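Once you have looked at the hints, place chains V, D, A and C with the ligands on chain U.
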Amino acid sequence: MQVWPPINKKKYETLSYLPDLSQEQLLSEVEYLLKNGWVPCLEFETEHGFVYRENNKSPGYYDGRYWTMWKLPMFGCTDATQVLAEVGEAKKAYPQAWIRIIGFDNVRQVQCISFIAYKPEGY
Amino acid sequence: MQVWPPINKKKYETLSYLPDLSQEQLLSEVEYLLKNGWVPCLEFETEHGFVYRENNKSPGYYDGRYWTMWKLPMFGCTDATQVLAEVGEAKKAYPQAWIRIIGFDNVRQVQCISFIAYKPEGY
Amino acid sequence: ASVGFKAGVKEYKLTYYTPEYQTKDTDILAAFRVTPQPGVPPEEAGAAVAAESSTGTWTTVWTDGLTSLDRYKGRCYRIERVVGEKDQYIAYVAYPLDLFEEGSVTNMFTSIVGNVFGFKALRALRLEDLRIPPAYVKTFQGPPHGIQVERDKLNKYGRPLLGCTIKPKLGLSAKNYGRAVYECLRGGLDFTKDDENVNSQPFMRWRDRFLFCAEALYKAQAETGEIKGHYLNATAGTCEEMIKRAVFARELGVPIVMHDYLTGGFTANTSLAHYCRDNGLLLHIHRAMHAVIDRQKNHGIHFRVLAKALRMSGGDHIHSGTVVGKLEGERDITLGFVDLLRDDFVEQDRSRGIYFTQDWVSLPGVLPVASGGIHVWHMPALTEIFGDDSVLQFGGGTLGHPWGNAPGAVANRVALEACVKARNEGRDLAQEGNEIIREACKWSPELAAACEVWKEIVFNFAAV
Amino acid sequence: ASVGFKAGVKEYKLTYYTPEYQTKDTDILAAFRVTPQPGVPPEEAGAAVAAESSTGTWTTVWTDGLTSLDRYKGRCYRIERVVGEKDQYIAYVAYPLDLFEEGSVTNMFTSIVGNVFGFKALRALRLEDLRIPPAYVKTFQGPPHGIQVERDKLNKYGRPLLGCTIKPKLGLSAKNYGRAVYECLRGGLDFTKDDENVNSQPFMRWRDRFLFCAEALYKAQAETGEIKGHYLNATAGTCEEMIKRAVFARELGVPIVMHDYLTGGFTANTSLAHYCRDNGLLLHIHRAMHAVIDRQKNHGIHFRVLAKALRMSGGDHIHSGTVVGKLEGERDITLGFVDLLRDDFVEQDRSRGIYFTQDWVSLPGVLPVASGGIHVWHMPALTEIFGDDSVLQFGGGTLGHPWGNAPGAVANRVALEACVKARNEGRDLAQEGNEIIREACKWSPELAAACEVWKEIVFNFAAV
Amino acid sequence: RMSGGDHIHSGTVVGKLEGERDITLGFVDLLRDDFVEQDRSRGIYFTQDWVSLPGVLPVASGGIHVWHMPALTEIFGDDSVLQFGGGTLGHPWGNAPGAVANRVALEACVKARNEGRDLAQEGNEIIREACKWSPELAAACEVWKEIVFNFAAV
Ligand SMILES: O=C(O)[C@@](O)(COP(=O)(O)O)[C@H](O)[C@H](O)COP(=O)(O)O
Ligand SMILES: O=C(O)[C@@](O)(COP(=O)(O)O)[C@H](O)[C@H](O)COP(=O)(O)O
Ligand SMILES: O=C(O)[C@@](O)(COP(=O)(O)O)[C@H](O)[C@H](O)COP(=O)(O)O
Ligand SMILES: [Mg+2]
Ligand SMILES: [Mg+2]
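Chains as they are written, first to last, in the deposited numbering: chain U, 1 to 123; chain V, 1 to 123; chain D, 9 to 472; chain A, 9 to 472; chain C, 319 to 472.
No lab work stands behind these hints: they were computed from the structure. Among the hints, erroneous ones may be present.
Each computed SDA-like pair below joins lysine to any residue, with the alpha-carbon atoms no more than 25 angstroms apart [to be verified]: (1) U:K11 to C:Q401; (2) A:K463 to A:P415; (3) A:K21 to D:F467; (4) C:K334 to C:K463; (5) D:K164 to V:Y62.
Bound-form chain U, shown alone:
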């Protein structure tokens, strides 16, 4: 019987509960995304790794959800490998960023997927 630790286990939503995704593993994802028709997009955040509630507390309001878009959603792209690239590209430049990958279903307007592609050091 073991006490799930109460201290350095901050999550990042989908997939953050399986062991660190290998690049292969990560590649499967961008792959799936594409397989489906989702527009891959990237967003990084260098200061508020997690939601907060500083400006308001009404129901549903959380500060900390929006992150910065990395360039533009790469519409028309089909090279799983090119997005991956981008990932690399951004840790270069925002080594201290949290970087995440998402996938837009433009028909339903819903982010069909999202998985962190890179935590900074010590997360």
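Below, chains V, D, A and C with the ligands alone, put in the same frame as chain U:
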């Protein structure tokens, strides 16, 4: 006549106004609990040693009351010594934890007892 | 109807003395201690008490035939002689459920005790107990919160909660009040409170006191790291005024308010219990005026009833007496009603003055409060007689300590933890009492200072 | 401050016994009848009563130096032996104005009677009278209307107002309550009323009762050509409930409501008086529960004080007793507080139990109501004792008449108009009483019927 | 979906209470889709156009555990809420761990799905595999391994 100090005397409810409890003394406690039928349980906290009020201020609301359960309430246990064990077991692992021992009266549903089993360093 | 209307007087006995009667589980039963007037057969005295308490008057009215008194009549189903007592009895009366307005102690009191205590045919009357049926209990809200939630909220377990009434009674300023509060609280008391007559006066206005004691308790809670509270008195002259104050306490985030239920009244209390429930405040009941009703063993209302009434109308805490201090109160009786205040079911025990089994079908219990003329040397007794589920209050005994409030607090907090551990290690607070605090006086400078001061004080005087 | 803080107990006597004292015109003064415990010097008893009633506790607290007790302390300025009485005295205490919250009987009572009645050092305590200063009188609304505007509104002059309590007590349906009402009023009664315990119950709900009594009083008023009224009980379990009933009586346009001030409470009463004042409803006060406090001559509160308390809180009518009927009450005492209830200034008169001169600085006066076990044959006495400015009520005395309500109403109207004229012609109600109604019985069929039925009844029993 | 609800319980197919797969597939689409073509196969007797009414998130609850993960995930898709009452406070090491168990189980299913495995055929290995790497997840697997609620439907 002497000025009760205003500065490093943070308390911990029951028994925190008597001198640090010896293991014998502490033993008496788990012993009493037992004597009575309370199921002993452990909870430790490593970050908010004391109540706060960050999320709300309505009457009765205070953040920081809930602590982390150490394993599960040891239902059926009768070895005073076994719970003491546990205390040891948790300072190992959460040396910086505040650890406490409580007693559940399941018929009344009240914590019939609670006393801090271990403050971290410098408390 | 049936049986011609025949105008004129008739003894009460004819309709309200029913020894035949088999009580229904929904009946309200009452144990009245009656002392008739010289030529009055107990069963007539007993029948008047039941008639004039339910359906009847002094002469025959035709209207009775419109309804059916068998259904409605209150009834004297038994008398008992008070062994070794001056023509004094126990008349037992049963009141059908249909007679009482739901949710209303006011109603219940208006009936049972409305007019009968002044009958010319009686010379003294006293209500000793009332059996509240579950069918009636379920119509009350009862305490805003009760024992478990209170503990659960303030996060406080194993041992009596400690408190202090700031003194002097009247005359302190909004600001001094705060000062005094903070000072008592940082010492280690759980609560401080307004004296039952501190409402809003030219010397200190309620809104000023409320603002500063909030400042102070907040200071004292940060300092110690233990949830604190200050009972803010909402007793007022009008319900509107009363709610208005409760509303501010809510605005401040403070946790408990207080109300003098008997000087305020049941109608107003009931309102405040509802307001507390919906707003999450703990409410402290003060029983000012009570001994006007509950002292004489021959006339009035016994406190165990006053106490029941409150668990019905609403209150988290009620002052239960100290046995051992400045005001009247015997141990067995007190034990009796304290169980009536906190338990779920209390078995009838004439030994302890409980004339009827009371089943509370899970109405919350109320935390009894021991207050008035008690000090450090009484610790182990209070602890003994009351148990952890009690509030022990040090007014004089806190602001009365030679080094001021903080210290006076610390003294009491130690006295009690002391007693609590003695107890837990298996010592005997009743026999071993005296050494225990005596022992602790030795290791605690503040505790010591205290001991020395109140060592010789007791309030032994032959009880009423 | 000044004079070192010196911890520890001291006798009350040192600060609350001040025979020196010269009472200020703005002090509340109270005459308590104290009975100490064996070794208690009266001047200690008396000072305990004054300290634990204003600013002090049982031990010494430094905070007193923060304020100044000379300004605030309650003080025992004199003792007196109760001639021919068991170690019983009259402690006289004086309370500075600054201590009471304006407009609040709640607060006043909380202070004067809060805790002292249960002191171990005393064995019995009773408040006999309180002198209310004009500076405190002026802070009260008093009655919504008072004797003059009530007569002015109902258009009724020269004679006691007549009323009746519908019976049975509990158990009649909304509809039957109206029928009974219409029938009593068409007869000649001015008012009918709810029994103090008729609130809202399974057998009959408040709004249904109110709706039908309105229909009925409206019928009787039109029929007779005289303004009628039915006291609608607003007594409820919460203020919100209470106001809510008051509000419907307003909607129906009916002229008077009623409230059991003691089971309700001063807090709730005052709120009703205000509401009545602003919405022009007359308020009838029923003093249910009062005999629990005012019976025993050695312990409690005396009605004259309860009576005072109400004229402050608010009430247009208050039950004053009958002397001559089913419940306890003596003539002189009664005459005493009846003046405290109606007059503007009332000179002290120990003969009659009035311990202090009371100046009401124009607070309206309240109409005393004589009720309970009175009949046709008591008319002349009541008329005598009470005069025009009273309400005389016939419960049993009305619904118990051999020919039902209407005739029973007629019976009492004639009996009373009979006495009034006798009086006006110069006859002597006290000597000549008996012939007067006796003479009338001869000319009135309904009156007759009555006379024959209650001829032999009286309630003589040696008083308490 | 007309009166208003963000979530609605839709059944589990595979757990303690009644419900058949096709029918379920049928109304689940009625709850979340914009347009649902008529398919008597699936019990839909009429084409239903919701003219943009927002869709509701079906919830899968009652008698479900770690070993049902892959099926639920299969049958319901990402847009679903799956609930573990007993399946959570029923775990040998208490609630937290139980939580963790279900989370891994589900993230486990999710990646397998995304890698292209076949939740339906390959179901069983998938969680089975993961029970291997997760202590909390394992504890789980062991306890509810033999449980199913197969009984002939109404
Ligand atoms: O005002 C007082 O006298 C107290 O506040 C205590 O102050 P001390 O603690 O300084 O005496 C009393 O206990 C209650 O108020 C008396 O009543 P109860 O019998 O109803 O508890
Ligand atoms: O309920 C009753 O018994 C009455 O209604 C009278 O009915 P009867 O006229 O039929 O007796 C009483 O006068 C008052 O209510 C008694 O109190 P008070 O002494 O306060 O007047
Ligand atoms: O109370 C219950 O039994 C549950 O709460 C599940 O608890 P477990 O997860 O412990 O069974 C059920 O899902 C829904 O409540 C049952 O209905 P539904 O068919 O509509 O989902
Ligand atoms: Mg007090
Ligand atoms: Mg009455």
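Handout entry: 25 angstroms limit on alpha-carbon distance, applied to hinted pair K334 (chain C) and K463 (chain C)
Key = holds (15 angstroms)
Handout entry: Distance restraint between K164 (chain D) and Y62 (chain V), which requires alpha-carbon spacing of 25 angstroms or less
Key = holds (13 angstroms)
Problem - Pair hint outcome, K11 (chain U) versus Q401 (chain C) [Cα-Cα no greater than 25 angstroms] - result: Answer holds: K11 (chain U) to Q401 (chain C) is near 20 angstroms, not above 25 angstroms.
Exercise for the section: Would you check the hint for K463 (chain A) and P415 (chain A), treating anything up to 25 angstroms between C-alpha atoms as holding? Expected result: Judged against 25 angstroms, a Cα distance of about 17 angstroms means the pair holds.
Practice task
Compare the distance between the alpha carbons of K21 (chain A) and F467 (chain D) with 25 angstroms, and conclude whether the hinted pair is satisfied.
Solution key: holds (17 angstroms)
Of the numbered hints given earlier, the model fails none.
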